[PDB]
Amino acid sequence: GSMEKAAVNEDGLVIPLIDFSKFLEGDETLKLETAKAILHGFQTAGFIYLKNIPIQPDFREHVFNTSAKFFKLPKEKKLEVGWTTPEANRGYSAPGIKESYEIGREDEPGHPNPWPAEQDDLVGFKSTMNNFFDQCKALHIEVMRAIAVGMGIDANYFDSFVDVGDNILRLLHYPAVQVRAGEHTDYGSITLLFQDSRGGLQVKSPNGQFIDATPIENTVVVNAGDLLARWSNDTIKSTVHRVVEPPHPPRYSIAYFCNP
């Protein structure tokens, strides 16, 4: 743990809030302190919140606006960049309640991203999304480094595996307008979640009930997946969680799935 007040504290579930700039910019003592706090969170709750990440608030907001413009496209323009292969994991997915658009790295042979035609206010969609993908990738690399530093192994231990950039950026939109059997653990190393003000995410407590992951402004939610638990011989938890309709208006979220 560190100086900040928990993001979630309920029913024995404690999800910490950590100032990530203290890992990136602090001296060796402060860096280690923050890294261990990050590891501690993944070892107990399997979830943490980060603040003061290098991804700036104004860029996040622009990216959310850009996502909104994409989803306002007519249906056929979105189907024209439709999802293809499971190995691809790229493109638009229509409902079948909610819709999504998935972007991967630009240089995977035989699996290019299906980019929409850019006219009017969609001009800059591609450059914006590739930017955000790269910044999410850098953040993924740094979070794995915090885990390594926290464990007391070499900071760069995970770099080779995350440097391939084998990640998916997923834009989600729930048009206006409770779920069960959406309960799951993620498959990959870590997942970054940028949630809008309305929330919807719930994480299981050690006792066994689902607590709301209350949205906090300019914060990113990070959780470990099964692959990280595996790498750690189950010292790090891949915690069960689910998304739920909150207690009416349209909802947006952005997630970055690392090594899915």
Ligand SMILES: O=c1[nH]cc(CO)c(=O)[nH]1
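Residue numbers count along the first chain shown, from 1. Shifts are known only where both forms have a C-alpha. Under this definition, the rigid core comprises the largest set of C-alpha atoms superposing within 1.5 Å between the forms. Compared with the form deposited with this ligand bound:
- Taking residues common to both forms and aligning the rigid core, Cα displacements of 2 Å or more over three or more consecutive positions between the two forms occur only in 178-183.
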Contents of the next structure:
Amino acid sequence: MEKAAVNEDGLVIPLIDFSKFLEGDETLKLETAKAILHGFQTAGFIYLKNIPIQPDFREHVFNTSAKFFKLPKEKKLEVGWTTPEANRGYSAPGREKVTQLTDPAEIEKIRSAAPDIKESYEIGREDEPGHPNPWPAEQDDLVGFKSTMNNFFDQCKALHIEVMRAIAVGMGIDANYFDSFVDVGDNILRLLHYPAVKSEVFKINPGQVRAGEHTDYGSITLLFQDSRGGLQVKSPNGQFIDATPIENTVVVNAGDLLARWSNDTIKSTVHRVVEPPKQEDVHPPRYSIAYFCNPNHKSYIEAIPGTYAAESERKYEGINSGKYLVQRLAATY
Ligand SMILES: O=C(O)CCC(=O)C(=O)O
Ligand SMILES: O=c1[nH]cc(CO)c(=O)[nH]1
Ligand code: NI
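Output the structure of the form deposited with this ligand bound; the preceding block shows the form solved without this ligand.
Up next: the whole complex, starting with the chain shown before.
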């Protein structure tokens, strides 16, 4: 019913008014839920507008994130990312080093490699046994950092549950089917800062990007982006298409676990972040926030009802959600 957020090269990413799922009469609620599902089943991406998270709070959260990344290099490494099983803390991709152990076939590539021009900080739920968040010190500009981000984590946690309900309603299964699979909130709030960079850097280092192509791992990802642009989604014809920023929208995409969970009725689509499409000498800083939603780590993941007719259509063996994720997170090391 809304004009598509993206409509190019066979890639159609719908723009959906989420308040119509939450506040509509039964007919409108079903129409919206079906629009949401259909978006996931085709593009694997949707844009939501009029979500319960408020614009001025989102802007406060973006300012708060920007204050963290202005912190000195040493203060950010203090709260550094440790292990894949914690998946919490600060990181910036380093350049790989040639060493005595390295194979000479790889040396030409290692020297030419260009790491993503980004830095990140990841926050998990506060009360996970054995995995506390490495919070920075609450002083000067970072007073309120914790309470703000925990607040935002819980609002995104609520939105996750609501988007899965829309998926359930659109599938015509029990509206609350996913609740017990996602109620723990084993999610990851990834704050991202892509620093100001000269456009010539992308010519000097050919193949250089802001974020490498990938699929996300979990159920869904709530992606809040600023107005800079650069996010691209891969079309059915194999081309990366610009996911244009639209004010007060959240870009929502399915991850590999939901794809598998859905018996591949829902798509998990390749995406990346390159230079903004506009031509300029210097690209200003880009801020985004990726809230990775996952099934409960304890959840066992096998085909959702109504995603297959005969058992022979089930493409995948059952897996534990938690184990799967750590394998994805630990693979690159
Ligand atoms: O920054 C963005 O717009 C996308 C980042 C992303 O896809 C990710 O962190 O997984
Ligand atoms: O926890 C994470 N980290 C990174 C990704 C992909 O960028 C993901 O999907 N989930
Ligand atoms: Ni991603």
